[PDB]
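Some chains have been omitted; the remaining ones sit where they do in the full complex.
Letters A and B mark the chains in the order given here, with residues in each chain numbered from 1 onward.
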Amino acid sequence: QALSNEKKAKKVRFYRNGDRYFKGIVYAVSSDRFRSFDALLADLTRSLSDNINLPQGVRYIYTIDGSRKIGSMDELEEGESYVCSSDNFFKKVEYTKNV
Amino acid sequence: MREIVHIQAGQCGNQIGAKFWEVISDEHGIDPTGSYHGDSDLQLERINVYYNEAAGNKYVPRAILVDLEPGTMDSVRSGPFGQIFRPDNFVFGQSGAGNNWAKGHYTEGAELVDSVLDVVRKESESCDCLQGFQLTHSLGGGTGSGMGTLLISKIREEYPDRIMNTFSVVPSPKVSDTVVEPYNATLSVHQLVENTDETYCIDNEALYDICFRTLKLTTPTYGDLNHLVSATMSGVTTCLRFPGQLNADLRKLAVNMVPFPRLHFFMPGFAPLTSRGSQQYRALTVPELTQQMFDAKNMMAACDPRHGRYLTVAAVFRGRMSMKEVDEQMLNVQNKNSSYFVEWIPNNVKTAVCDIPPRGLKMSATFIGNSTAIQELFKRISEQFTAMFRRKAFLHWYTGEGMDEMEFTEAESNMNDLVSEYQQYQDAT
């Protein structure tokens, strides 16, 4: 067979912690672009913090609710937004309002 | 009043624009420094349409230059008339398109469009009464097709009444500069039919023939091909920058050429085009300009107009000439060629006469013609699209950027909904 295994990109959204005025850039999360979960955090470094957020950078990704620390990329899913934090302390504001 | 904001995109959109601002500066008399060296006061009367007066009697263009790699912006600022652009307008990214529509419209287009629109909004709030935009891009590449159609979808949400015309470069039928150019053209016409007001389809192959058959040039480089497109771009708005006898603009052509809001793909044409040693064996009269426009060897799209029917025809004349002599030649080519025009539109020729010629000639014309002979142009994109899509080849470079097959299916179905309209109104009664 030549029509291969459908290398697909998840369309996920990444809000940043605390900043209420942010929308979240849709990334091409795929198994072709990131071999490890630790390689996904490296792209989150430059494209989230520009001038004012995240002194510790990108460490701990939380759910949109959020109550589960995200493990590997197989813990992710297709079409759900996420909040990107950098501490054990989670700020509970309304992220997904007014997308 | 009536200002125009110029937007460029991609490698091809820069090198048309870098030649376009060399022609506009020679009509208004602008040095490469940015000062003024004119002789008559008619050049400074309507200078505000393409220029903002800076401090110290310098005029800078109202241009916005977009690319995804700095390789082409480095040649624009270093060439002639490259010191005239403002350094803030050079908006460029570091990644690069990769000759890819998905990297131009979804991934790297979204990281740049929020920085481009900070420049579009700043220039639009500085003009007194905005006429409308214009865009120069190409349907073959990645930046001019992905980033170029992304800017139109964001502008039309903000300015729903200003006109928006694009000078696209439709890919040639015989040779192919890009392997995936059917994908980059099918996924771009689907954006242009819902977000523009008029569109100028230009083929490269029809420009190589004019430099070989009409102008008789030995070695035509792109300085000689893009000089013909820049003469046509200035020839549309030339009744807006100078006083005339029968005036037109970018709004009167958008009314008189577009009868249905989906049929707005044109084909351009310039006249006169003389050779280097044959410009003395010719009289420059109005019946010479007329019979050089309407023949098939002077169009700029690779399609013979004899295969179809003209819906609407615009002819923008320049220079001092008798109005009786113009109103008779347009009538005479409509009575004897009564089959190649359409029946359900009587008197389908629009006339516009300016007063000031281009620099060097005595009188000149510009042909802006709509036709159903461009249905041959969309059969060849749709045939080459379905030849590549049915094997689903070159698809994992698109699906891997967050895209599904339904994006392609609604794109090709829209194009066959466009071909079934040009075939429908060709055989009316």
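Everything below uses one rule, namely that a contact is a pair of C-beta atoms (placed from the backbone, for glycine too) under 8 Å apart; a residue touches a chain by one contact, two chains touch by 3 or more.
Asks: Any idea how many of each chain the complete complex holds?
Replies: A x1, B x2
One rule holds for everything that comes next: only the chains that are shown with their structure count from here on.
Asks: Taking the touch rule as given, give the residues of chain B at its contact with chain A in the complex, in rising order.
Replies: Residue list for chain B touching chain A: 106-107, 110-111, 392, 396, 399-403.
Asks: Okay, in this complex, where on chain A does chain B touch?
Replies: The contact residues of chain A facing chain B are 3-4, 6-11, 25-26, 28, 30, 32-33, 47.
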